[PDB]
Structures are given as structure tokens and as C-alpha cells.
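Only one chain is shown below, in C-alpha cells, and it's the form solved without the ligand.
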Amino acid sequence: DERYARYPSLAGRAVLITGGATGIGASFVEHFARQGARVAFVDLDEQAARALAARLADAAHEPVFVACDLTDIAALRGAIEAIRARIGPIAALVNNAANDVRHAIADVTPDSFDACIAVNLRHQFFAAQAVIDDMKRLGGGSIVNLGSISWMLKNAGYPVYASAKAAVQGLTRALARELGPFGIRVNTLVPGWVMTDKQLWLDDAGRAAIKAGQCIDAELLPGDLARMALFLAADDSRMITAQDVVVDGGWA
């Protein structure tokens, strides 16, 4: 859309997005590709991944995909290595992959707790760990960790997810301190209730909750999040680090 910004510093920039095949992940892939970045992404959904790359084949750089289960850290490290060979040293990382499946407090088991941490928090740390050397060599970079307003609203229904997403604050801040001396910014990008393909299907009370919660009476869309990530990855935000950057219509 011609109304929105063009970021010269993203042209040719190596950008890695996790969980990139669907949802806001796919919006990140599309937006970066349309800015001329050299995008790569990982996901489990190979069919969706191929579709996304195909509809972006007319970008400056067709996005690169590697299938990966991000609960498997060895696999993730291998995928990042394979990606670096194709797009070069990673300059921006969007730690997006998540799973907000509901779970009752009483039903949580040690294994289900661990799985929730694995699919929401743990890979953010290990993906960051794997790109630091690249960013040092580049003279800086930007790591964008996906958070959530879930815990900020004190939502019921998924206590380990709320915990995992609040954890991102600590991850972001700790990494920002250690990586800032190398020009690496680390920020948490916090979506509100994003209307995706998966998310008029609510009941009246759900619509009322969004309208009462948000200050702005409009649907939050993937592109709202993606444009914020563009700015955070671009040179334009070089002194923004350790922030909780909330894009939510004013709810939380």
C-alpha cells in the first residue's frame, strides 16, 4: 500500500522470521519482502510456507524457507545455519513463533508445562543466541521478540502461556543490556487482539469486550504489527532498545 513508509535500510537486509508461514508471521515475511529485504523463515507448515514464498516470488528476493520444529533446538540451530548460507549474516531476527492453546490450571502436567515453555519462550532465547555473532560482525542488528497482552490483561485460560509471554520481558531486557555494547537492539513487540484468518465469529460479549477494551473502535490487523516490526528492524530505530512496544489499539 502506497500510503505506508518505505525503509531504504531494509533493502537487501537479511531478516529471519520464526513461525513465518501463517498469521502475523506471514505478514512479517510479506512486509519485509516488499521492502526489498532478503527474508528467510522457519515453520512446521510446509504447505503454507511454499504458498507464501510463491506469492512473494515477484519481490526483490523470494523468501527462503526451512522447515523446522522449534521445540528441537539442534534442529533450529541447523536451520539457522542453512539459512545463513543462503541469505548471509542475519541482521534482524523476529522471534514470532507461538502457541496460545488454552489449558486449565488443574490440567497442566510437567510435560505440558514444559511444552508450552518450549513452543513459546525457549526458542526465542536460542534463536537469539544463534544470531549474535552475525550481528556483532555486521556492527549491529535488531532482535524483535513477540510478547502478548494476555498477561497484561490478566486473562484466564492459559496460565503457562501468560507466564511464557511475561518471561519475554526479562529475556528482552537481559539481552538488551548485554548486546547493546555491540549495537544490537532487543525489543518486545506486543500485539493486541489481532484479527487474523483464524480469529464476526465472536459472540456479542466478545465484540463488546474488544470495543470496551481498545480505545480505537477498529479491528487490529497483521499489518499494524508488521509495520512496527519494519521500523524496529530498520536503521530508523537505532536507539530504541529494551522496550515493550505495544500495538493494540490502546487496550492493555
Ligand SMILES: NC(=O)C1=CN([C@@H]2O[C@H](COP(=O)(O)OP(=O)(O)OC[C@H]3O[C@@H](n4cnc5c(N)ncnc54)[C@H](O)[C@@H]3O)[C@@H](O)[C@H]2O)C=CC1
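Residue numbers count along the first chain shown, from 1. Take the two forms, superpose them, and find the largest set of C-alpha atoms that agree within 1.5 Å; that set is the rigid core. Residues that one form lacks are left out of the comparison. First, how it differs from the form solved in complex with the ligand.
Taking the rigid core as fixed, one finds a CA shift for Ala205 of 2 Å or more between the two forms. Once both forms are overlaid on their core, the sole residue range between the two forms with Cα shifts reaching 2 Å in three or more consecutive positions is 200 to 206.
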Given for the second form:
Protein chains: 2
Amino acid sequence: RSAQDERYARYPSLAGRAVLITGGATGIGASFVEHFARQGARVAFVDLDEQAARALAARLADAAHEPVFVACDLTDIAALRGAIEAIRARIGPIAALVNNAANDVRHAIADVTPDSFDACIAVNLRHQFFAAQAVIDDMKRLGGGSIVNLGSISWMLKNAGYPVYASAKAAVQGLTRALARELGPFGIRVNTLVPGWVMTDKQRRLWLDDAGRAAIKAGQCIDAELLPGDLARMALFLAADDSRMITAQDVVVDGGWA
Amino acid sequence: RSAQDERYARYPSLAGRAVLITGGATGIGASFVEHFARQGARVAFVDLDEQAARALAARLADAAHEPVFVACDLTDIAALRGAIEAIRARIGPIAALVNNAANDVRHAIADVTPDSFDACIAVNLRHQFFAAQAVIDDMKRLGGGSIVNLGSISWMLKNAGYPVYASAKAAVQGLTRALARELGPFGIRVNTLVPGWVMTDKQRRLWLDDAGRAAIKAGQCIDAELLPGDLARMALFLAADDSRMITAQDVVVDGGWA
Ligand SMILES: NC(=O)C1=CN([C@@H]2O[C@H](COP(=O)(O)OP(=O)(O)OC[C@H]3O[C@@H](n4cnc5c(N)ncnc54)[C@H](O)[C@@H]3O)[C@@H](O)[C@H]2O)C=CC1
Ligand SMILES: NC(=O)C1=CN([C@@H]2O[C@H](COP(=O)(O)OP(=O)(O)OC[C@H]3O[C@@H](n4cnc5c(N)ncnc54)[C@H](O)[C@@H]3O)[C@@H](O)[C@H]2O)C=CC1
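Okay, that was the form solved without the ligand. Show me the form solved in complex with the ligand next.
To see the whole picture, the full complex is given below, headed by that same chain.
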């Protein structure tokens, strides 16, 4: 598996490091969970998909630390805070946070309601703020930390089909930069990690067809598949000591598309 | 030494890899040489500064491969190509290129002449194109490669004091993006690596005073010194297999300033 490929880096500073990943049960989040666990980190993740989450954690029980799973709905901030506190009691103070969960469900401009606007913000942006809010004091006490906010090239390409989603993901830029200014005095880096079109299992099974492949080939500079591992490795570097002075950045891993 | 600090990553794919660095005798270039040497790469570098270059190579003579040095003035394209060919004859096809050499000497708008304009472009931009031109066939034949072009945050901050330098450094964006598009079909990544104000020896002795220290602290999000190793570790990642789908980027390592 890509997270155990011997050609790729090993990051000694991740061993035993407490790492929290949201939306970790499937897709890129699952790749984050697997990569960090195989680096020796003490992983925990939250998600609504319990069956996928339990199977992921069981796959990774031979890691140095079996990943901790707590189920919660990230649109419920009280539940999110309760889950993080429960996680802290099991893995100790949080040293790295990957704000990954999202929902890119399509919506036409004419159909958006105030409630559906709010739901999109809640699932794509709001939880990134409150997850970070809940971990700052741990990272301050540790003498530093790393927060990785998942962005998107969707709004950079000016994709139609989901204008509130594009707004929510562009908003991550402002979130990252505002947190980076305030938290940098404490050794806390905050960065936006921006994926291109990643071939998650869901994207392969539901959305990749001939026109998709042709769009990828014309857009990307490199005619190859962007994989979850390409994003996971970048997150490892951003959470490791190796990137101590990288903060407030939009770190794009997309084959040269956007 | 930062390049041998056990807390940082080891990149297995760099072992034995032929890596060429321009302006590698001092400052950040020397840190590039040192880092790639300590990762086990087969390093070669060019520079005008022969005394510093021989000392740097001799000091790294206990690495897996002693870095190869060939002297040249990179503003002379024939000398640059000949130096690269001398290097190829010793370490074989080039797998990775770090285009680092530069000269940021200050100049009043009113004092620039046609010749002084051309020399600024020659030492700051032109050699990046031609060193890239001289390694592309190697990278094609190897099935891929990585070209790292050194940019600057100076033009991003709109610094006064050296307008042709600022032009040359902004020009690296177009160079990187144009090559990335043309060379991506061959598995060649091209990225701009953008340092902040890095505390090289030359920067401390010549440019860092109380004024500079105040600007750094107000500008950077993280109130700590940016060091050459911060940039070198990013270059290691960009040249290693771990960054196979990162191309056409402006990779900024600057403590959150620009
Ligand atoms: N081609 C791609 O996959 C793209 C990825 N991104 C971003 O990368 C990150 C992950 O991408 P994907 O894996 O493709 O997303 P995905 O939709 O396939 O998976 C999201 C995961 O978060 C969980 N999730 C969704 N809503 C939740 C909620 N209220 N509460 C708890 N968990 C919830 C989900 O169960 C899921 O496991 C996202 O932030 C996405 O916006 C953006 C650019 C392209
Ligand atoms: N150190 C900093 O604060 C910043 C660095 N940069 C960029 O990072 C890269 C390295 O920066 P520094 O180490 O500070 O530069 P530097 O001026 O201290 O060293 C440049 C090295 O290249 C060699 N060099 C200069 N002209 C040459 C020529 N015709 N022929 C052969 N060799 C030549 C020099 O001998 C030197 O060893 C540069 O491309 C620079 O523009 C940009 C942002 C700030």
C-alpha cells in the first residue's frame, strides 16, 4: 500500500505524535489516517460513517498505535467539542489537526434556501474553525503545533454547480491566514492544503468517466492520476517538524491544473 | 548541523540520485548541497566562489558521495553549458536541478543602463532557463525529474531598491509555469521555491540590523529566524518521489510574511 511504500519519506518527529483528523473514515481523510498511523503517530479521527471507520481502524491495528475513532456529526458543534475532549482523554494533547471533512453536493443558484446555505457552510467551513478552536490550548502548551485546513481548486477553476460550496472553500483561505497570524506567536502553523481532482474510491466508482479523464488530461500539466497518497504525504510534511516555518500558505497538490 | 538532525525526514528516493545545484557554494545554495549530500544524493554544483566551494565539498567529503564542483560564471551561457557537461560526464544524467544562483545588488531606477539591466537578468533569470534547457533530455530519458527554480518574496512585498531584480524574480513564475506545461507530459515537475528573508551568513553580516529585525517580526507570522535548512528541506521534498504530482507551484517558505 502507498502509505507503506519504502520509496517515500519517513518523518521521525511524527512517531508518537498526537494527530486528529476530521472526516477520516473514507476518501482522502482515510488516506490521512493510514499515512499518519504508518508513520507511528497516535491518530484519532471523527466521522459519521461508522462502518467504514471501524474497518479502517481495524486495518490499522498493527500500527504502533491503533487509530482511535469517535463518531460525530461535525455540523453539531457541541458534539464536535465532546468528541474532541473524548479523543484528548485517549491520545493526549493534540499536536496536529487535519480539518478534512466536507460535502460538495451540487446545487443550482435558484434552489438554495437559507437553511441549505447554512448547512453547506456548516459542513464545509464552520467545523474547521471550531475544531481548531478546541485544540489551540493543547498546541500552545506543547510549544507549537500544525493545523492543516482542506481547501479546493473548485473555486480557483470557477466551477459551476455549487456556489455555496465554492464560497465555503474560498473562505478557508481567510480562516487559515487569520489563524496563522494569531497563532504563529505560539509556534502554531496554519496552512491550507488544496487538492486537485483526487481519485478516491468514491470518485472512481461514481464520477470518473471518459469525459472526466479527458478533462483531467487537458487541465493537469502531468498526465497521471492524482491519488489520495499524493495529498497524504504533503500533510505528513506539513504536520512534521520539517515544515516549522511554513505557515499561512495555500499548498496545492493538483498535477498543475489550477 | 541541521542537515544531519535526526528529527528530520530521510527521503529514500534521493539515495544515489544525481542532483545539480547552481550557486551552491554559499548561502542557501550551500545548504541545498549539504542537505542533498546528507540524504545520500550524488550532488554536483557550480559557482564563481571557488574557495568557498572547495571548502564546502571537502567538508562534505564524508557523505555517501563527495559533491562534485565545477567553477563557472553563469552569466556566460557557453561556460554554464560546459560546466553542466563536465558534471554529466562525472555523475551521469541529471535527475533533479535546483536553479539557485542570484545577485540582489541594489540599484536606483535612474542608474540602470542597458548593460546593467542585461547583467541583472543574466545573473538572476537567464541561467535558470538555460540550465533547465540543458537537463531536459536527461530527465526525459530517465522517465521524469524535478526542476526547482528559486523565486523571491521581494517583489511580492513590493520592495523598493532593486526594480530589475524584482522583475527577474517575478519572471521565474512564468518560466516555471511554461516549463511545467511543456515538460509535464514527460514526468518532469517544475516548481518555484520562494524563500522569505533567510538568515544566511551574508544576510547577517550585510543586511540585518535593528530595522530589519523589526520588519521581520511584524511581517512574519512566526517570530523566529528563517534558516537555510527551512528552504533546503522543502527542496528535498520537491526533488524526492514524494512530490510526484506537485508542479507549476509557488512554494513559499517564509514564516507567513508574503
Ligand atoms: N477530487 C477530490 O476528492 C477533492 C477533495 N477536496 C477536499 O479534500 C477533502 C476530502 O475530499 P473527499 O475525500 O473527496 O471527500 P468525501 O466526501 O469523499 O469524504 C468526506 C469524509 O468526511 C465525512 N463527512 C461528511 N460530512 C460529515 C459530517 N457532518 N460529519 C462528520 N463527517 C462527515 C464523510 O463521511 C467522509 O468520510 C475535502 O475537504 C474536499 O473538499 C477538494 C478538491 C478535490
Ligand atoms: N537569502 C534570502 O533572504 C532570500 C533568497 N532568495 C533567493 O534564494 C536564492 C539563494 O539566495 P542567497 O543564498 O541569499 O544568495 P547569495 O547571493 O548569498 O549566494 C548566491 C550564490 O550563487 C553564486 N553566484 C552569484 N552570481 C553568480 C554567477 N554569475 N555565477 C556563478 N555563481 C554565482 C554566488 O557565488 C553564491 O554562492 C536566490 O535565488 C535568491 O534570489 C529570495 C528571497 C530572500
